[PDB]
Amino acid sequence: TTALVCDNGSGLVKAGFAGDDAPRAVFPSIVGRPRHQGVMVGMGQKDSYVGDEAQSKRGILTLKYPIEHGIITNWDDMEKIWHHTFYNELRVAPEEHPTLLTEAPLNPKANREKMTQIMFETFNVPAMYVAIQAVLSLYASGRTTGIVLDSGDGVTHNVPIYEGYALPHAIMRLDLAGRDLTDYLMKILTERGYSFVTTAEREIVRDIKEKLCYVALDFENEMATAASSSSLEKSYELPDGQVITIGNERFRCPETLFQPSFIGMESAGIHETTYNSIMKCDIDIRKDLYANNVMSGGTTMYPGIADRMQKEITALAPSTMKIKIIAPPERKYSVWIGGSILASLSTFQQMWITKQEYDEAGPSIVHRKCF
Amino acid sequence: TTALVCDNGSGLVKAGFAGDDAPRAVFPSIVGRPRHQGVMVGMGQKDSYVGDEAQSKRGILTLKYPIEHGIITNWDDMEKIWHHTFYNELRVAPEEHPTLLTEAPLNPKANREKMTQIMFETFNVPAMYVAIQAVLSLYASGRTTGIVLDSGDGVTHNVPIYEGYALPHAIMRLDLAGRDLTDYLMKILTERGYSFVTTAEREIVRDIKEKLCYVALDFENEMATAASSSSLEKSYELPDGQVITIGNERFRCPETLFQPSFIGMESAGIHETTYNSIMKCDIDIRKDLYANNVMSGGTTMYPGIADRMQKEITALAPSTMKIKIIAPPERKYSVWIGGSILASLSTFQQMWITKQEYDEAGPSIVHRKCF
Amino acid sequence: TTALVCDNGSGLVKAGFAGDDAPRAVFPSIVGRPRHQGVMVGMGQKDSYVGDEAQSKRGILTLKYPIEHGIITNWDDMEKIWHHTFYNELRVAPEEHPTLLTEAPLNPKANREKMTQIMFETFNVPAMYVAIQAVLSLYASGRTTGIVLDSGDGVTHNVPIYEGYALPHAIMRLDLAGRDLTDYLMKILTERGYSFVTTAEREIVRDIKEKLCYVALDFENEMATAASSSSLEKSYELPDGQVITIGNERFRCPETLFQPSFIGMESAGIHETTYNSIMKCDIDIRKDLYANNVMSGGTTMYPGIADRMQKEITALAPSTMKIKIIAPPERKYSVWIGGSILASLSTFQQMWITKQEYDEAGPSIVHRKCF
Amino acid sequence: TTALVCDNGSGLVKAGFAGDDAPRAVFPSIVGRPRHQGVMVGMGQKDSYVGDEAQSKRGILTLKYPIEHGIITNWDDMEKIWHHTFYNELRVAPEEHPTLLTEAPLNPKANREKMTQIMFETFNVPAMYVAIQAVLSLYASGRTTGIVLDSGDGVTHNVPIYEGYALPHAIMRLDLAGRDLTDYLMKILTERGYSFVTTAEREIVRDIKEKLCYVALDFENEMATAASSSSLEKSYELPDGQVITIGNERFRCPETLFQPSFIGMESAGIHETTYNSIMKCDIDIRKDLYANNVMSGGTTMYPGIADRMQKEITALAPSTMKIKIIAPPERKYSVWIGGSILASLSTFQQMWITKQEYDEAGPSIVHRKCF
Amino acid sequence: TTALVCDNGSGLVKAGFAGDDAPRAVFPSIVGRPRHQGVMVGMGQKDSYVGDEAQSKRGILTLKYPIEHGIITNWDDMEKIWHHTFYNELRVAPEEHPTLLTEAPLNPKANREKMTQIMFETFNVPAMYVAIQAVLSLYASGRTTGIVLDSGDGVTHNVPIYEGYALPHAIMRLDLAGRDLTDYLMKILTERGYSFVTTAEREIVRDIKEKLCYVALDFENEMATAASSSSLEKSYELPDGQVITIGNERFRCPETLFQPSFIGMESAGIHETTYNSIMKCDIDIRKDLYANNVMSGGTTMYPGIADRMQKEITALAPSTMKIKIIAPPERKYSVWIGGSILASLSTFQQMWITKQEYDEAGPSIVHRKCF
Ligand SMILES: C/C1=C\CC[C@H](C)OC(=O)C[C@H](c2ccc(O)cc2)NC(=O)[C@@H](Cc2c[nH]c3ccccc23)N(C)C(=O)[C@H](CCCCN)NC(=O)[C@@H](C)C1
Ligand SMILES: Nc1ncnc2c1ncn2[C@@H]1O[C@H](COP(=O)(O)OP(=O)(O)O)[C@@H](O)[C@H]1O
Ligand SMILES: Nc1ncnc2c1ncn2[C@@H]1O[C@H](COP(=O)(O)OP(=O)(O)O)[C@@H](O)[C@H]1O
Ligand SMILES: Nc1ncnc2c1ncn2[C@@H]1O[C@H](COP(=O)(O)OP(=O)(O)O)[C@@H](O)[C@H]1O
Ligand SMILES: Nc1ncnc2c1ncn2[C@@H]1O[C@H](COP(=O)(O)OP(=O)(O)O)[C@@H](O)[C@H]1O
Ligand SMILES: Nc1ncnc2c1ncn2[C@@H]1O[C@H](COP(=O)(O)OP(=O)(O)O)[C@@H](O)[C@H]1O
Ligand SMILES: [Mg+2]
Ligand SMILES: [Mg+2]
Ligand SMILES: [Mg+2]
Ligand SMILES: [Mg+2]
Ligand SMILES: [Mg+2]
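Residue numbers (this note's numbering), protein chains in the order written: chain A, 83 to 453; chain B, 83 to 453; chain C, 83 to 453; chain D, 83 to 453; chain E, 83 to 453.
Chain A on its own, in the form it takes in the complex:
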C-alpha cells in the first residue's frame, strides 16, 4: 500500500515506495526525438524515447530536458516522463498511492502550482505533498541541526535548520550547478582537440566527468605538479573505441565550484556561500552550524570535495570553531531517503493534500505548512 516517493530532479528521476530502503526506478529526465528524416507514424517506430531508452538510442536523438535550473519549462515532456515512470518503470496505478514530490526552494510558484494540478487531474492522484529537498536530506542524515548543501544539475542551494525550526530567512540559491560543470568541460576539453557539440556528445562528457573528475585540495599546487606527466593524465575510452587522454581538466573543472568566476559566474564560491549564510544567522546558532555541515547531491560526489570544503571553511572561520562536514555515502539518494522517512512517519500523515482539499480550496493550498 503506502505512498510513492519521487525525486523529480533536474538531472534525473529517482522513484520508489515509501518505506523502501532505495529507489526502484532510477533514470535520466530526458526525452529524445529523431534527428534525421523526421518520424514515421503507422509503423509505431517511436519519436519519444525516455530515460534509458533515450540513452540506448542516443546517437540519433535530440536530447531535451524539461527542466532548466529547477524550473519545468517543457510540461509536455515532463508529462511523458511522469507517464513513463508510473506505467513503464514502477508499473503501478498512480491513483492508488499518495505522491511525495520534492523541489528546490525559491522556485517560481507556477511550478509547484501547475505540477500539482497535473498530478491531480491527469494522473488522478489521491493525495500529494511537496517538500524542500534540503530538508529531506537532513532527515536522511538524522540530524536535527545543520546546514544542508544540496547540489544537482540545475541548482545548488543552502538551507540551515536548527533543531527543526528551519530558517527560511537565510535560504540561498545558486544557478551554478552540474550542467555548468559539464559545459565547462566541453570548453576545456576543446583545448586538446576533443570537440563535443551535440546533445549526445554532452551526455558523453557527463559520463567522463562522473568517472574522472576530482577535487584538488590545493588547485594552485595541483596545477604546479600538473607541469609533469603523472597519474593526472588519464585515458578514457569512447563509445566507438577511440581513446581520450585528460590531464589538468580532471580537477580544473571541479575548481569552478570554488572559483565560479571561471565561467563568468560573478558570485561567491560554495565555501564562501556557506560561510556567508552562517554569518547571516544569529551568533548563538553559528557554532552548531559549523560542526554540522551536511552535504548531499550528485555534485558532491567528487573525490575530496568534502576535504577541500572543510579546509576552505576552516580558513574563513575562527580557529577555535570546530569545522565538521557530514557527508556519508549514498549522498545521491539523501533526498529520496528523507522522503521515504517522512512518508512512513506517522505524524506526517496529516500533511497530505488530498485532491478533495485541492478541489475545495484551489491551487494556493500547496503553500500551506504545519506539524
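I should point out that these hints are in silico values taken from the structure, not numbers from a laboratory.
Some hints here could point you the wrong way.
Using 25 angstroms as the maximum straight-line C-alpha spacing, the simulated SDA-like pairs for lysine to any residue come out as follows [as the list claims (entries may be wrong)]: (1) A:362 <-> C:351; (2) D:406 <-> D:350; (3) E:393 <-> E:412; (4) E:369 <-> C:349; (5) C:146 <-> A:399; (6) B:316 <-> C:195; (7) A:406 <-> A:453; (8) C:291 <-> C:309; (9) E:128 <-> E:185; (10) A:293 <-> D:401; (11) A:128 <-> D:369; (12) A:269 <-> E:447; (13) E:269 <-> D:401; (14) B:128 <-> C:349; (15) D:362 <-> D:399; (16) B:146 <-> B:247; (17) D:191 <-> E:301.
Based on these hints, arrange chains B, C, D and E with the ligands on the given structure of chain A.
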C-alpha cells in the same frame, strides 16, 4: 517537609527549601518564543522555552521578561515560569509547602495582590507570605541595624532598619538598575563597532558585563590612565569564536551608578542616595547607619564597588563618623538566605497567610504585618 | 569662495557649495571593476569606474560600495570617490574650501577619525566639520522642535530635538534600510520567475523599487484587493526591452518597514520605533514631538508612507494627541540643505576644525561640540 | 493476385511476384541491333533483340544498355525491355498488379519522374512505388541496423540505417562499379594479347570475370607469389573453342575496388568509403554499424571479398571494435527479396501510389514518404 | 620596414604589409599533387603546385588543404604554403619582418604552439603575434562595441566585445561553414544530373556558389515562387564550354545557414546562435549588442544575407530593441585590415613575441595577453 523560598527577582529566579543553605534551582526569568516561521503544533517542538532552555536555544528565540522594573507585566509568562520551577526544576507538588515570596518595596499593590491570587488558585498553595527583599538581606547578614542597599536588574532600593523597627518613612527606590547598565554597554560598545541589537545579543552583553566590568576607585584618573594601552584592554571570546577587545567600557559602564546622568537618569548616584536617606532619619540613628552599610544584590558584584562606595560616602559624611560597609561574599543569595532563615524561624510561623484566611478575608490581607 | 557641503551617504553622494539651493554633483557611491578578463594596463582602458561611469558601463563591472550600514569599509574606493567628486564632478581645488561632512549617529569612532585624517592629509583640506544628518535635516525644515526620522540605504535613525538642545539619550539606530528593501525585492520577485543575482541586476531592482513601490495604508486589505487583477499589476521595461509584470510586491516590499519580521529583522517597525523614542523622553516634551514628526531621506519617498505612518502612530498614541507629520518635497536633499544652511550661517563659522588645530591637538578633536 | 517486384538494375532485370521466394524472370538489360546490312522489314526478321535473345544472337548485334551509372538514358530501349518482361517473360497483363520498382539513391529526379509517367501511361499500371535498393537489401537480411553496401554494374552506394530511421545525411555514391571492372579487364588482358573491343566481346569478358576473378587478401603478397606459375594461372575456353590463359589479372582487376586509382578513379576505396561514412555519423551509432556491415549486389560475389573487406576495415577502426560483415548467399537477389517482403507486408500497402493519386497530384508525388 | 600581416585562413591566404590598405598576395591554401602516373624527378616537372599554380594545373592534381575546420592537419603542406608566400608571392626575406598571424578562437593549443615554433625555427622570424580574427574584424570596423560574426570555410564564430573588454565567456564556435555549403551544393546539384566528385570538381562548385548563390528573405515563399520558371533559373558555363542551369539551389544552399538541420547539423542557425550569445551576456550589455552586429568573412558575401539576418534577429528580439547590422563592403578583408591597424599601432608594439623571448620562456608564452 517545611516550606519553599522563592527569590522571584527581575533578573532571575532562585528557589530552594527553607532550611537549605543554598537554592536548588537557579535560572533566568526568561521565556523564549520562535523568531522564524512561527511554530509547529502536533510535533510538539515547543514554543515556550524557559530559563536555561531559553539559554540553550537562545539564537532562534525572542527573549522576553515578564517583569519590568519589579512589576509583573506578562502574567502568562510569569505563570509559565512558576510552573517550570515547581514541575521541572524543584519537581515538587506545590500544594505540599508554604511559599515565601519576596518583592521590592513600593510596588503597585496589584502585583502583590494578583500574584497572591494565582498562588492560591492556580497552584493551590496552602500558605504564603510576601516579604521585602532588603529586610531579608539584613537577616542574612545577621545584623539588627543597618542600611540595606539591594540592587538587581529591575530596581535598586534602600531600606534602613534600626534594631528591628524598620523605618518605612525613608525607603527609597530607583529605576536605575542592572538592565540599564546592560543597555549602556550596548550603546558604549557601539563606539568600537560592536553592535548588539537582538535579545540574544542583549544576553551576550550581560555575560560580558558580569565577567569584565569593574568599579574604578577614581573614574577620572582611571580615564587618564586609559589613554595608554594596558590591562584595561581585555579580550572576550564570543559564542562563534570571534574576539572582542574592550577598554574604557570596563569601568565606564559601572560609573553610571555614581554618575546616573550619563543615561539621562536625572537623579542622585547611589552614594548620594544612601547619604540622603541617612540625612532623612533622626540624628540619633545616623551614627549606627554609617557604621553598618549592608550591601547586597547582583549589581553589587562589581570588583571594588564597595571600596568606591565607602570612599564616596566618607567624603559626603563628617570626618569623625566611621564609615563601614558590610559586604560579605554570596551577596547574590542574601535575600534568599534571609528567606530561609525566617521560614525556619519558629516565631515567624504565625505570619503565614493560609488560603483559608485569604478566602475568608480577601485580597487585602496581603498587606497585614505583626510579630 | 565659501565652503563645500558633501552628503557622503550610504546610497549616493550629493555635493555642492554652501549657499547653493541644490547640489551640483549627484551620483551613486559605487566603484566598478571589470568582471571578464581582468584588466588591460598601458591602453588606459580603466578598471575603476565611478558613479555615473559605473552606471554607464554597469553590465561588465562588479559594483562595490565602500560603505556598509553607514560604515566605511573600503577606504581605497572611498578615496577614489572623493577624488572623482573634487576633480571630475565639481572640479574644484579641494584645499580652497572648508568641507562639511555628515554622518549617521552611533558610528564607530574610527570612521569619523580616519575619514578626517584623509581629508586633511590626502586632500589638504583647510578646515572641516562633521555633523549628524538628522540634525541637519531639522535645520532644513526650519523647525526648532521635532523628531527627525532619516532613512537611507545603509541605516535608519531617529533623533529628537527640543528647541535646540538635542537629546542624545534617546537617539536610535536601525540596520533596516533601503538595501534591505532591495534585497527583499530580489527575493520576492523570484516568486514570479524574475531572478536577479548580479550587482548589475541589483541596481536594476533598485530602479524598479524607486518607480513602482508604494505604501499601502492597510496592507491586509491591500492584499485582499490584490486577489483580483487591477492597477496593482504594473508593467516595467528592462534594459534589453523585456517586460516585467509586478503585483503584490508593489507594496509587500514597503510593508517590511512596518513588519520588519519579514526579513528576520527582530525589532520594532518604524512607527513603533518612533513611538518608543517618544516614550523614552520626558512627558512634558512628548506633546510637541507628536505634532512635529519630521521625515526625510530617500526611503521616505514611497507614496503614502507619511499617511501610513501617521495612521499607525495615531493608533499607538492617546487619542487626544495631535499627530502631525512634517514631510515636505525634496526630502532627498534635506540633509544637504541643512548643511548649506549651517555652512552659510555666521555663528557656525566657529565650528570649523582647521587642519592646524588637528595637527596641534590630534584625532580626538573631531568629537568636540559647542555653540 | 498481389503485386510485382522488379529489380530494374543497371546490369540486369530480376522480376517476379511479391511473395515469391525468387524472381521468375532474370535476364540482362540489353537491346541488340543488327551490325551488318541494316535490317529487313516485311520478313519480320527482327532488329531489337532483348536480354537472352540478344545473348543468343550476340555476334551480329550492337549491344546497348539503356542505363548508364543508374541513369536511364535510352528511354526507348528501356520501354522495349519493360514490354519484353511483361509480355514475354512473365507474360502477365501489367495493369492487374501494382509494381514495386527500385533505384539507387541520389539519382536525377527526372529518372524517377519520367519512369513513373511511363508506368502509368504506357503500361496502365494501377499503383506503384519506388524504393531505395540498399534499404530493401537490409530488409532481406532481416536486420534493423547496419550499413548496406550495395554494388552493381552502374553504381556502388552506401546507406546506413539504425533501427529503422535511415540516415539520409550520410548516403554515399560512387561511379566505380562492375562496368569499370570489366573495362579494366579489357585493358589488362591486352597485356597478354587478348584483345577485346566489340560489345559482344565485352560480354565475353564479363563472363570471364564472373567465373575466374577473386579477391586476394593481400594483393602485394599475391603479386609476389604470382612471380611463379601456379593455380593462379587458369585456362578459359572461348565460344569458338580457343583457350585463354589468365594469371595476375585474376585478382588485379578486383584490386581496383580497394585501389580505385588504377583506373584514374580519384576517390576512396570501398573499405575507406565505408569507414568514412561511419565517421560521418554520431559516435553513439558507430559501434553497431561496425558489427553490422551488410553486403549485397553482384559485385560482392567475388571470392574472399568479404574477408578482404573485414581485414581492411579492422585496420582502419579501433582495435576494440568488433568488425563483422553480414554477407549471406544469394546477395544477387537481396534487393529483390526485400521488395518481395515489403510488397507482401500489410503495413506497406499504404505506400502504393495509385494512378489516380498521380493524376490528381502530379509527378512530384513520387518523392513522398511515411510509415 | 614594418611588419607582415598574414590572414592564414581555412579557405585562402591573404598576405601584405602592415600599413598597406590591402593584401598584396591573395591565393587559395591548396597544395596539388599529380593524379596520374606518379611524378617525374630529374626533369623538375613539379609535384607540389601551390595556390594559383594548383588552380592553373587543377585538372591533373589532387587538391588538398592543410587546414580542416581551423586546424592545421598537414603541417608539411602548410610549410610549403608559407614558403610560397614569402619567396614567390611577397618575395621578401621573412626574418626582416615581424609576423602577425590570426586564428579562430577555441583552437587546440597545439596549433598556436607548433605554428609558432615553425615560424621561429624554420623561417627565423624575429617576432610574432597571434590574434583572434573576430577581434581584428572589429578593429577594421572601428567600433569599440559589437558582436562579430566571422565566417569562412572551416569555421564560423562569434565574439562579443564591449568597449574593448572582450567577453571570453560567451565566445561561440560552429563547424558549419563554407565547405559545408559547398558540399551541400554537390549533393543538391546532383538532383539535376550535375555530378561533381573530384577535388577539381569541388573547386568548380565553389566558383558557382560564389557567383550565383544568394540569400532569400523568405525561403518558404521563395520556394513558392520557384514553382514557376523565372530569374531564379540561371545559366553557368563550365571550363569546357558546357552549360549548367541552376534553380532552387541558388538559395536552398544558403538556407542551411539558417536551417543547419538540412545537413544533419543538429545545432542552432546563425541568427539563433547570435541571439543566444546575447542572452548569455549581462542584460545591461544586450542593448548595444543589438544595435552593433558586425558581420565579416567570405560566407557573409551572399546577397541579402544581412537583410535576412536582421529580419530573423528582429523576430527573436523584443520589438523595442533596435536591430542594426554593420556590414560594410570588403568584408573579405576585414580581418586582414584589422591586423594592419594593430601592427601599425604604436601601443601594440609591446605585444610582439620575440624569438629571444620564446627561447628564454618556451611555447607557453603564446598564450600571454596585456595592453
Ligand atoms: C531576464 C529577466 C526577466 C525575464 C523573465 C521572463 C520575461 O519571464 C520568465 O518566465 C522567466 C522564467 C520563468 C519561468 C517560469 C515561470 O513560470 C516564470 C518565469 N524564469 C527566468 O527567466 C529566469 C530563469 C531562472 C534562472 N534561475 C532562476 C531562479 C528562479 C527563477 C528563475 C530563474 N531568468 C530570466 C533568469 O534567470 C535570467 C538569468 C539571471 C540569473 C543568471 N543565471 N535573468 C533574469 O531573469 C533577469 C535578467 C530579468
Ligand atoms: N560520480 C560523480 N561524480 C561527480 N558528479 C556526479 C557523479 N555522479 C553524478 N554527478 C553529478 O550529479 C548530477 C545529478 O545528481 P542529482 O543531484 O541527483 O541531480 P538531481 O538531484 O537534479 O537529480 C549528475 O548528473 C552529475 O552532474
Ligand atoms: N559578576 C557580576 N558582576 C556584576 N554584576 C552582576 C554579576 N552577576 C550578576 N550581576 C548583575 O546582577 C543581576 C541579577 O542579580 P539579582 O540581584 O539576583 O537580580 P534579581 O535580584 O532581580 O534576580 C545580573 O543579571 C547582573 O545584571
Ligand atoms: N522614488 C523613491 N522611492 C522610494 N525609495 C527611494 C526613491 N528614491 C530613492 N529611494 C531610496 O533612497 C535611497 C537613497 O536615498 P538616500 O537617503 O539619499 O541615501 P543616502 O542618504 O544614504 O545617500 C535610494 O537608493 C533608495 O533605496
Ligand atoms: N560471380 C560473380 N562474380 C563477380 N561479379 C559478379 C558475378 N556475377 C555478377 N557479377 C557482377 O555483378 C553484376 C550485376 O549484378 P547486379 O548487382 O545485379 O547488377 P544490377 O544490380 O545493376 O542488376 C554483374 O553483371 C557483374 O558485373
Ligand atoms: N561571392 C561570394 N559569395 C559567397 N561566398 C563567398 C564568396 N566569396 C567567397 N565566399 C566564401 O568565403 C570563403 C572564404 O572566405 P574567407 O572567410 O576568407 O575564408 P578564410 O577566412 O578561411 O580564408 C570562400 O571560399 C567561399 O566559401
Ligand atoms: Mg537532488
Ligand atoms: Mg534580588
Ligand atoms: Mg541621507
Ligand atoms: Mg542491384
Ligand atoms: Mg577569415
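Unmet hints by their number, sorted upward, for this structure:
4, 7, 9, 13 and 16
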